[PDB]
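One chain comes next, on its own, written as structure tokens: the form deposited in one PDB entry.
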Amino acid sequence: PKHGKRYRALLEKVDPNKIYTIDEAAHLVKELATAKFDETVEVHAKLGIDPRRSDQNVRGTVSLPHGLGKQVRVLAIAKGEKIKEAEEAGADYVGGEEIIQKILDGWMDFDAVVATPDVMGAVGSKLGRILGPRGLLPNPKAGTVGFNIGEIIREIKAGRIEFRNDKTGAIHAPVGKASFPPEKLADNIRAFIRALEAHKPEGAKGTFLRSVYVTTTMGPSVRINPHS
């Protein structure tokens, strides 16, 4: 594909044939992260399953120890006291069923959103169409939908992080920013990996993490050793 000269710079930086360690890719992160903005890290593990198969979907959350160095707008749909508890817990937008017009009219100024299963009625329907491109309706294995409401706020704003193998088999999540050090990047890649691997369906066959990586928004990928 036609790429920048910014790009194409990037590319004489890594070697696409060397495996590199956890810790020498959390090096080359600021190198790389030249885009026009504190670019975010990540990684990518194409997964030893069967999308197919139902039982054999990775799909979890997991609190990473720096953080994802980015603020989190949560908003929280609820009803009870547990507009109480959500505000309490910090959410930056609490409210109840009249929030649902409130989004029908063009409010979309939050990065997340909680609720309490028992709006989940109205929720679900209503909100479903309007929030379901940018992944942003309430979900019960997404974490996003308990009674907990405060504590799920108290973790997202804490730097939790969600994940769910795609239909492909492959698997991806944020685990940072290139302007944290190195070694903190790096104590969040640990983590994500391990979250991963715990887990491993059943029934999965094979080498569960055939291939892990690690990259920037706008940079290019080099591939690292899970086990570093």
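Numbering follows the first chain given and starts at 1. Definition used throughout: the rigid core is the maximal C-alpha set that superposes within 1.5 Å between two forms. Compared with the form deposited in another entry:
- For residue 83, a C-alpha deviation below 2 angstroms is recorded between the two forms after rigid-core alignment.
- Core-superposed comparison between the two forms: the C-alpha position of residue 134 differs by no less than 2 Å.
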Contents of the next structure:
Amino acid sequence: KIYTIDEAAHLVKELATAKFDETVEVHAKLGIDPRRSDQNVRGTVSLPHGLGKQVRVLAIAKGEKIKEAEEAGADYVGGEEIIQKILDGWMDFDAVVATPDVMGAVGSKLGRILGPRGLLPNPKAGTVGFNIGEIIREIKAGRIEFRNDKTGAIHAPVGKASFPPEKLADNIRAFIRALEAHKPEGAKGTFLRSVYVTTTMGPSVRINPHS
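If the one shown is the form deposited in one PDB entry, what is the structure of the form deposited in another entry?
No partners, no molecules, just the chain.
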């Protein structure tokens, strides 16, 4: 059965039965061919009501920007010298941001470590930039990545199940819209083949993405 977003938002209350505050997910089977590089969906979006989770942000910057990342609220901040701390297996954070001037050292020394974990700072994921305080403030306000897997599916967290239905409904549209804004011009056919709403431990519920 196909539910509306407003319907699905309200059902999270009932789907969420684990003994913790479950994250609310959105999944979509995408209308692309993920083989071809030009059909890749990748980008970020500021959820209008936040993730509702605290995100330990590390910032590796240079010069004044180290002060900027500090004041933007990044949990740990340092120069190229915290590379050697991750080289020793520190790795206690959720997201790495970085200014372009350090990405030469960061890439070559931590690419092989941060890369496979989707933690490498990357322009395409909104994690590299001299606007490093806006990146941190955008993350801390609940910006999320989304990047199709090779199977052509795509997934994103869009809230906690403790949120009011109407706020979850908002976050779901916002992410749905941001998907459609990254619909590759080469992608033929229906873009959002299917779209489901679920919680971490809970069952799925297919939704009407234009509702």
